[PDB]
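**Student:** This is what each chain is made of:
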Amino acid sequence: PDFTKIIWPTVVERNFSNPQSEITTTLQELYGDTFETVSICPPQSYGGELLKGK
Amino acid sequence: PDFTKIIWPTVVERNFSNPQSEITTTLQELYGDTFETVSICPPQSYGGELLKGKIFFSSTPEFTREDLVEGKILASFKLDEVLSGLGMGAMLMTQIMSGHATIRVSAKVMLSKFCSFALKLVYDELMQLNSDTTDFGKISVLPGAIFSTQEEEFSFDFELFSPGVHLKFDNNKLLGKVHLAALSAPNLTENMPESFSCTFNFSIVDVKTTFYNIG
Amino acid sequence: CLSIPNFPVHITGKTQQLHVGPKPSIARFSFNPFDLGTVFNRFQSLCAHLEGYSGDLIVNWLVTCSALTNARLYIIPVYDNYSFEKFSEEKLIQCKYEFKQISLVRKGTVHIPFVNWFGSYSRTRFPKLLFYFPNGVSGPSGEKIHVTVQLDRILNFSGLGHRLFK
Amino acid sequence: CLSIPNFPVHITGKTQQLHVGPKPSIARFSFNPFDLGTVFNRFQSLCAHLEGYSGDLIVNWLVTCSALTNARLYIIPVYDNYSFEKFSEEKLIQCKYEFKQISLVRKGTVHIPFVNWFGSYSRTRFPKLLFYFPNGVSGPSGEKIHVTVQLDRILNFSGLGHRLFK
Numbered sequence: 002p003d004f005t006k007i008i009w010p011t012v013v014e015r016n017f018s019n020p021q022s023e024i025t026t027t028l029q030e031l032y033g034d035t036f037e038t039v040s041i042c043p044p045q046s047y048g049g050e051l052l053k054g055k
Numbered sequence: 002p003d004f005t006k007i008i009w010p011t012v013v014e015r016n017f018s019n020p021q022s023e024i025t026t027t028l029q030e031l032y033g034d035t036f037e038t039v040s041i042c043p044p045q046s047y048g049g050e051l052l053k054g055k056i057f058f059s060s061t062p063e064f065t066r067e068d069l070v071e072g073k074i075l076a077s078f079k080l081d082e083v084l085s086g087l088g089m090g091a092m093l094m095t096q097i098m099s100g101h102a103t104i105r106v107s108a109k110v111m112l113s114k115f116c117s118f119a120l121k122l123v124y125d126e127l128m129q130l131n132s133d134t135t136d137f138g139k140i141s142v143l144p145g146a147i148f149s150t151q152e153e154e155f156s157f158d159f160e161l162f163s164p165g166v167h168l169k170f171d172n173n174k175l176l177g178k179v180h181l182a183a184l185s186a187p188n189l190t191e192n193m194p195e196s197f198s199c200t201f202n203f204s205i206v207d208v209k210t211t212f213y214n215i216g
Numbered sequence: 003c004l005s006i007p008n009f010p011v012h013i014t015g016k017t018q019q020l021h022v023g024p025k026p027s028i029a030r031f032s033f034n035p036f037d038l039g040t041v042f043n044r045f046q047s048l049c050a051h052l053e054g055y056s057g058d059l060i061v062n063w064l065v066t067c068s069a070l071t072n073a074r075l076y077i078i079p080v081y082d083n084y085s086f087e088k089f090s091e092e093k094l095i096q097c098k099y100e101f102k103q104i105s106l107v108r109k110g111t112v113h114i115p116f117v118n119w120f121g122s123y124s125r126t127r128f129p130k131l132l133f134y135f136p137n138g139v140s141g142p143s144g145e146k147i148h149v150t151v152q153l154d155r156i157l158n159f160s161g162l163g164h165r166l167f168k
Numbered sequence: 003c004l005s006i007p008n009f010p011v012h013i014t015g016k017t018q019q020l021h022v023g024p025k026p027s028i029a030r031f032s033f034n035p036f037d038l039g040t041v042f043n044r045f046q047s048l049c050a051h052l053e054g055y056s057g058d059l060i061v062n063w064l065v066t067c068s069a070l071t072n073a074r075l076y077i078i079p080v081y082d083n084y085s086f087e088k089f090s091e092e093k094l095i096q097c098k099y100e101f102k103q104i105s106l107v108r109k110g111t112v113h114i115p116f117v118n119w120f121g122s123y124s125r126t127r128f129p130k131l132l133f134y135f136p137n138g139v140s141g142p143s144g145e146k147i148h149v150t151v152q153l154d155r156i157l158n159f160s161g162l163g164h165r166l167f168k
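Residue numbers (the deposited numbering), protein chains in the order written: chain C, 2 to 55; chain C', 2 to 216; chain A, 3 to 168; chain A', 3 to 168. A prime marks a further copy of an entry chain.
There's no promise every hint is true.
Not close to chain C: a few residues of chain A, all C-beta gaps over 12 Å, as computed [said to hold, decoys possible]: (1) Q19; (2) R44; (3) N83; (4) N137; (5) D154; (6) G163; (7) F167.
A few chain C' residues that face chain A', going by a derived Cβ cut-off under 7 Å, partial list only [unchecked claim]: (8) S40; (9) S99; (10) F159; (11) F212; (12) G216.
No lab work stands behind these hints: they were computed from the structure.
Ideal Cβ placement from N, Cα and C applies to all residues, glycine included.
Construct the entire structure; sequences and hints are all you get.
**Tutor:** Printed below as a string of structure tokens:
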């Protein structure tokens, strides 16, 4: 290991690695983490996609 | 059933039988009974059990030519100091508050090929010899061995004795006293060095921790 | 255009209070890293010269309340910089939005896919995340719940432009 | 020496208060059946003439708090009659001590194996059980939690000596 170490320029710095999080004082079923994805859904019973062709 | 019922004398009386306990007003996952056993566990990353087989203390004292009379104590080591020094080997040992320890001690004097004298390495276990002792009546009988200081490096093991089952180390100024004693004048005395250098290496042969210090 | 697969920014938004009550409540969090404050965030230190960027946002959201506090929470994206004062719960249930009871789920991660009519985010174009409590918040006698979000990272980052350093 | 496989004693220690607060707290329970009070316990009625005994202790411990009270509890043995004012949590986690949250586990049984340097317990040599709350106790506005232990029995009992009946 010397100055001839090749450097790969990345934007991800190791000043914040894997942020673990653990439940301590209660039950999990009382404290849940949800991971969702907020996408756009047209409504079920109406929305311009029913007029397609009409 | 009459008075000839044989009686077995037991200490367990039936005035308190199986104490059942049942959860009533909440969920079990909110109210748990733990059954543990509080035993002593030495730490994971340190603790005297890592020094087992390895050196933990080393000194290099000196003694003059004029101190090489028969019987004179040349170097001394209180085991309560060797086990409570400032090195890393000692600080791992002062954390053990009570337990067992069998300790190896080795001595080594650096000499020319001209001079050669014999030395006894004694383990004064009750600390009955201050360092200003030129007796040789006490030296000749203490447990230890003689060795030549020019071609040789002498070592031996000794077990720390406890009156009880384990040995309390905390605040124990009665762990023993190792000495290096001179048996005779040097080989040649003219045009010779006026001082010598002896190396002492205390090692751990075996350590058991029956109680560990926690802050 | 420069492309960054993963771009951590660790920008935390202002924590927003909500008093307990029956009135319907909304907490708005705009996600505009081009917005400047006292200190320049990790986004601006490397990509403030850009005119506009593109990429999926990851947001850690957090609702701090008591253990005896009830509320229904609708996390709603708002793209193309529209302003909603009131929401139609009929419209939200028709779009299959699912509400979460903050007495059971009060921590989460929201993935925001890139949606903008113009083609990129900018100083003026940014997504919004609205935490909509339709029944208010029911808490113990003067509680305030706090809603706090942190823009964690930007996935599949792409950016263009070159502004003037003012 | 007399040997008793199971020796029930049902001696309950004094219940010790702890006020709620952030300061680190310790409740000490010495287990010295030779200690006399107003009445002679089952241990003294049969084995008070002894000079010293030996055997594993079984202790029922109990922490009475509210339902909205949080604390971490470290149950720590102390042998050879050492006095600890403060504990090093680094040292406890290095020795693989596990803490229990009293909002989830507030009742238990502790087996104390025989550990004494001298070779036996006595009037002056006895084990101690320390209930160490490192973060204090977080309770509802003036609560006091109570820690109470009972020496249930002595397993594998052995005793020697013959004192003078004073």
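**Student:** Confirm or reject each hint.
**Tutor:** These are the hints, each one checked on the structure:
The beta carbon of A/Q19 is kept farther than 12 Å from every beta carbon of chain C, the shortest such distance being approximately 22 Å. The claim that A/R44 lies off the interface is violated: its Cβ sits roughly 9 Å from the closest Cβ of chain C, which falls inside the 12 Å cut-off. Residue-level check passed: A/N83 sits 15 Å from the nearest beta carbon of chain C, beyond 12 Å. Its beta-carbon lying about 19 Å from the closest one in chain C, A/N137 satisfies the requirement of being farther than 12 Å from that chain.
At roughly 9 Å from the closest C-beta of chain C, the C-beta of A/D154 falls inside 12 Å, breaking its exclusion from the interface. Here A/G163 stays apart from chain C, with its beta-carbon at least about 18 Å from theirs, past the 12 Å limit. Residue-level check passed: A/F167 sits 21 Å from the nearest beta carbon of chain C, beyond 12 Å. Evaluation of the C'/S40 hint against chain A' yields a held restraint, the C-beta minimum of about 6 Å falling below 7 Å.
The restraint placing C'/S99 at the interface with chain A' holds, with a minimum CB-CB distance near 5 Å, inside the 7 Å limit. Annotation: interface hint on C'/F159 violated; nearest CB of chain A' at approximately 20 Å, more than 7 Å. At a threshold of 7 Å, the smallest CB-CB gap from C'/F212 to chain A' is about 5 Å, leaving the interface hint in force. Hint on C'/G216 holds. Least Cβ distance to chain A' is approximately 3 Å, under the 7 Å limit.
Hint violations for this structure: numbers 2, 5, 10, all remaining hints satisfied.
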